[PDB]
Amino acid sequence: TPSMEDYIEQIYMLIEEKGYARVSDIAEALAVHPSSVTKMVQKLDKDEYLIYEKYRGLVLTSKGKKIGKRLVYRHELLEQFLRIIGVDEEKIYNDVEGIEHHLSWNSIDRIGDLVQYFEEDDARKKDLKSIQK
């Protein structure tokens, strides 16, 4: 479920930078009260995505690492994509959040080629960054 996914994403990201994931970290990295976080976080534990250990933060399982890595990849790519085409830095997150669960892997794949296409030649970020006239 998209609810569960946002959390897996946020947990994986917190892990990748920090090592662990506190509860408060989730609470404010989603903007939802820690009251709700607690309910979901023990739910996701019961479903074998994570393991909630108080004082000790939050650890993904093999099943959490599988999904987290996936979710974060497309998220980062869609974010990378919007940056390339030239969208405001401050509008990227909100837009990617709202489209990431509504795109087929084929489209995710094609966008990948599109990002690869501009990255392969930074002397082509040029032409794009001139049509804004």
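Positions refer to the first chain, counted from 1. What we label the rigid core is the largest C-alpha set whose atoms superpose within 1.5 Å from one form to the other. First, how it differs from the form deposited in another entry.
- Comparing the rigid parts between these two forms, the hinge falls at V72 out of the candidates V59, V72, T38, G98.
- Relative to the larger rigid part, the smaller one is rotated between these two forms by 19°, as taken from C-alpha superpositions.
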Second form
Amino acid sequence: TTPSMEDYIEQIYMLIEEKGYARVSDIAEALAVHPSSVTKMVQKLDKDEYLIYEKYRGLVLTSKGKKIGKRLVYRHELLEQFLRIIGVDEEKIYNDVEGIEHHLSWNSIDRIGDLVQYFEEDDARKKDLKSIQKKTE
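The form deposited in another entry is what I need now, so please give it after the form deposited in one PDB entry.
What comes next is one chain alone, with no partners or other molecules.
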């Protein structure tokens, strides 16, 4: 799976979890691309069996597509929580996550997963971390 493919899958998954479906035009708007670019990537996803570009129903995900989408949306959310927890400006989080989510091994993602749990488990740890952020003196 290429990085741009992961973005589409992430996007289609979220659209269905919200509107209950995913239209080519909704995808092009969300990723800010021309519908032809979308249609092209869709056929590839259809051939790789992540979804079906069916008639009447439209864009439907296969078990394989729901499995991957679920993991990709989870990956994105975990990375956001991660940056948020260590004190990154909120306005800079989405852009950083969108860029790095694709270049991280599941191994790293799981380790980031334990770190997040590490800080959520004891608030006293967050305070210690934030205190070190004031050691810039």
